[PDB]
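S.K.: Okay, here's what each chain looks like letter by letter:
Number of protein chains: 2
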Amino acid sequence: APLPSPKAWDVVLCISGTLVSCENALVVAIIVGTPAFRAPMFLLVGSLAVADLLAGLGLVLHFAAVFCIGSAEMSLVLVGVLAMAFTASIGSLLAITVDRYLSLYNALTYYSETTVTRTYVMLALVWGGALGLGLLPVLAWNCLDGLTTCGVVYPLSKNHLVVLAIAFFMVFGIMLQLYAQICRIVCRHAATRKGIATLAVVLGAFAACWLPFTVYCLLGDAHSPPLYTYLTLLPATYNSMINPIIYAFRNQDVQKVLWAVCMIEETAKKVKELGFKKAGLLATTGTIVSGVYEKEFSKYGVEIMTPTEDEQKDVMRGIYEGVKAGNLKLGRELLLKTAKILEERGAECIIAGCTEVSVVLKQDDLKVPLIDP
Amino acid sequence: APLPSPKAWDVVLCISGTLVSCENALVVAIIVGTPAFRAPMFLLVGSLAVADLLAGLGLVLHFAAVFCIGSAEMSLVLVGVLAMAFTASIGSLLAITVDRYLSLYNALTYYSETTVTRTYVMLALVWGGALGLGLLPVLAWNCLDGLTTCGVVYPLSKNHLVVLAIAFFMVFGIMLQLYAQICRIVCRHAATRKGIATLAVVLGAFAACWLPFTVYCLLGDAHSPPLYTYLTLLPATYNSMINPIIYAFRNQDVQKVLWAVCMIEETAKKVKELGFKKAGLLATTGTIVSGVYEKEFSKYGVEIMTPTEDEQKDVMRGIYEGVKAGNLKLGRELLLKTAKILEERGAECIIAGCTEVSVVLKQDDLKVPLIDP
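Residue numbers (the deposited numbering), protein chains in the order written: chain Q, 35 to 224, 241 to 312, 1001 to 1111; chain R, 35 to 224, 241 to 312, 1001 to 1111.
Do not take every clue at face value.
Copies of the same chain look alike in the list, so a pair counts if it fits in one copy or across any two.
The list that follows gives simulated cross-link-like pairs (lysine-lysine, DSBU-like), each with its CA atoms no further than 30 Å apart [what the hints assert, rightly or not]:
1. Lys1016 x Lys1100
2. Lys192 x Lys1033
3. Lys1062 x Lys192
4. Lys1062 x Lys1037
5. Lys1075 x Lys1015
6. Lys1015 x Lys1051
7. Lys192 x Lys1037
8. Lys1105 x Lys306
9. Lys1051 x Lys192
10. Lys1051 x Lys1037
11. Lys41 x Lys306
12. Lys1037 x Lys1015
13. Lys306 x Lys1015
14. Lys1051 x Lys1033
15. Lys1067 x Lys1007
16. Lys1062 x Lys1033
17. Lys192 x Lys1007
18. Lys1016 x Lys1051
19. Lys1105 x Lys244
20. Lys41 x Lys1105
21. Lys1033 x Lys244
Hints listed in this document are in silico derivations from the structure and should not be mistaken for laboratory results.
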């Protein structure tokens, strides 16, 4: 009983897995190495790295099993561990994105607490959650009995593959909505092409790398041509190799370690380019309290001025009790007196943080330039 | 060529469709009737109502066509318009929930023209997608022709049903993440039992009535028993009939016109029950500015006092530069002079809006009771 000589696609898969493991070995090594990199966000990156390394090891071991080994059960356990690793990688991506969202959101409500209630509950639910879906394909969902349809990848039952695809589509939807929220929040703290490209390649790469296999899984059949599955399984390993370059090496702290081994932002730009060192502000009380303008304009060395709390309440009325309420005259009067006193105090430019200020106040009403977002 | 006598499941479906149409007719008529009900969020409810009415009309017309008409083209266009209506219904539900979430996210900027543009774009997009995945695919690419291996519902191709199922699962993921966010953000104005029950029941209502079928969409083929299809389609009509009771028919002004035709809430009510009319607050600057605490306690007639701006900055240091920074002594120092001056001014009780205050402040340190969230 000699082992048939594998076709070239087998050695292509072997090379892909080999470079995947080689690429991730260094990243897991450095992640686990330096004692300083024990931040809560680093644990998720480590989880992703070890999951992908496990995937590569499983792939090369399976190729070995199909190369002068001639075994039966080891092939089954290797396909099981491969499914384990892929589900773990998808869970690591979801956990990373949810951590990033919760990080960038908490800087507005100003309420941060706990590290064991949140990080470990989801870190243990991605590897632990994959236990069931990595033990089902071996326990009682095999193809050797004969009753199972054994749809696409031999041996895997139709039901198990369908369940996996449903889970994948669910997590894709959650990821899409999360990225929409993060883009909406980060746009405010900003041109259009750069803003889109900030988060447009990662989601496109994820989709273009993982969609074809699941689409085939749904549409396929047992008697499908054999080259189709081999053609569609490559993007999964390609994403496995791409992901650590884009989610781990981009962080500049690891870059420093290696080198040792080896709408408001643009407004601030415009203000700094005009040579003005002092700006006055008219906006809502929440906006001034939020502290965004001070940090953004201090990043370029520009100082902002907000009137006193009584004139803050005056601007409150002028915007909402004034322009917004239909009493345009009161709004323009209050805004004009506030702008006048601010200009007298030494401001060379005035910023109208909301549209209502621009509605009743124009350039001709001020000696200094009037600039709006 | 006589028409075979339908099975009793057919008249069951007819009864369900008639009830759906009758229930939705009144609500759509009332919504379109009163000129005062032209709010931006009323348009989405109207769209959902018209979609459900269209679905009911399509179902009853299809039963009619399969009864003593014996026509082929009419049945085809009727099943097409049925798919049209169901897709429109699910899209309208998603639009309603996204509108609610954006409305509850920010309250100041919700009432403007921006929400008008958003509403118009959402309505156009949902009905255009209904056009693109409804009548247009069904009046082509069908089964009443050469071999297409049409799937469970006669006549519908396998590929069309798979595409519909994929879209449904993506929409389900979006809905799940939205409801998680809304449940997170409403459990700060809390009592909690009512909110958690609502946000766990209205989700399951749509989750358990539309997913007997989309799973059968995949695990099945033409050579399938006919009992398994006529049973899983009933929950869709049941959800169609249940929908205009949950999202609509629950607000109060609709009730009035019908009759004419026919964690902080808990603390605030606890303080109110104790008989205290005056409370003092220690929390972050953003929290005191945000206007939540005073609004909630004024809902019960309780007055909250916040320290002056200098003492607010002192509390800022005591929380962050103090307890949070590791200099616990400075934090407790600043917090306890703050509590002392507030108590001397007439505070009958003190609230610690952050855990940091409670860490270094205990009940024995003040004469008045100390209450924490």
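S.K.: As a check of your reading, is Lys1051 near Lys1033 (CA-CA no more than 30 Å) within one copy, between copies, both or neither?
M.R.: Intra 23 Å, inter 18 Å, cutoff 30 Å: intra and inter.
S.K.: Checking an output row: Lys1033 and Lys244, CA cutoff 30 Å. Within, between, both or neither?
M.R.: Within one copy only: 21 Å inside a chain, 41 Å across chains, cut-off 30 Å.
S.K.: For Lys1037 and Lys1015, with the copy left unspecified, which applies at a CA distance of at most 30 Å: within, between, both, or neither?
M.R.: Answer is within; shortest intra-copy Cα gap is 12 Å, inter-copy 46 Å.
S.K.: For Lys192 and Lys1007, with the copy left unspecified, which applies at a CA distance of at most 30 Å: within, between, both, or neither?
M.R.: Neither way: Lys192 and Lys1007 sit 57 Å apart in one copy and 55 Å across, limit 30 Å.
S.K.: Regarding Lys1067 and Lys1007, is the shortest C-alpha distance of 30 Å or less found within a copy, between copies, in both, or in neither?
M.R.: neither (33 Å within a copy, 42 Å between copies)
S.K.: Check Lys192 against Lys1033 for me: Cα-Cα at most 30 Å, and say if that holds within a copy, between copies, both or neither.
M.R.: neither (56 Å within a copy, 56 Å between copies)
S.K.: Check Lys1105 against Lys306 for me: Cα-Cα at most 30 Å, and say if that holds within a copy, between copies, both or neither.
M.R.: Neither way: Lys1105 and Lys306 sit 49 Å apart in one copy and 55 Å across, limit 30 Å.
S.K.: At most 30 Å between C-alpha atoms: does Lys1016 with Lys1051 qualify within a copy, between copies, both, or neither?
M.R.: both (22 Å within a copy, 24 Å between copies)
S.K.: State whether the alpha carbon distance between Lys192 and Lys1037 is at most 30 Å within one copy, between copies, both, or neither.
M.R.: This pair counts as neither: shortest intra-copy Cα distance 57 Å, inter-copy 58 Å.
S.K.: State whether the alpha carbon distance between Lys1016 and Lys1100 is at most 30 Å within one copy, between copies, both, or neither.
M.R.: within (20 Å within a copy, 46 Å between copies)
S.K.: With identical chains, the pair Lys1075 and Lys1015 could be close in the same copy or across copies; at 30 Å between alpha carbons, which is it: within, between, both, or neither?
M.R.: Within one copy only: 22 Å inside, 39 Å across.
S.K.: Since the copies are identical, ignore which copy is meant and state whether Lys41 and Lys1105 lie within 30 Å (CA to CA) inside a copy, between copies, both or neither.
M.R.: neither (79 Å within a copy, 84 Å between copies)
The structure is inconsistent with the numbered hints 2, 3, 7, 8, 9, 11, 13, 15, 17, 19 and 20, although it conforms to all the rest.
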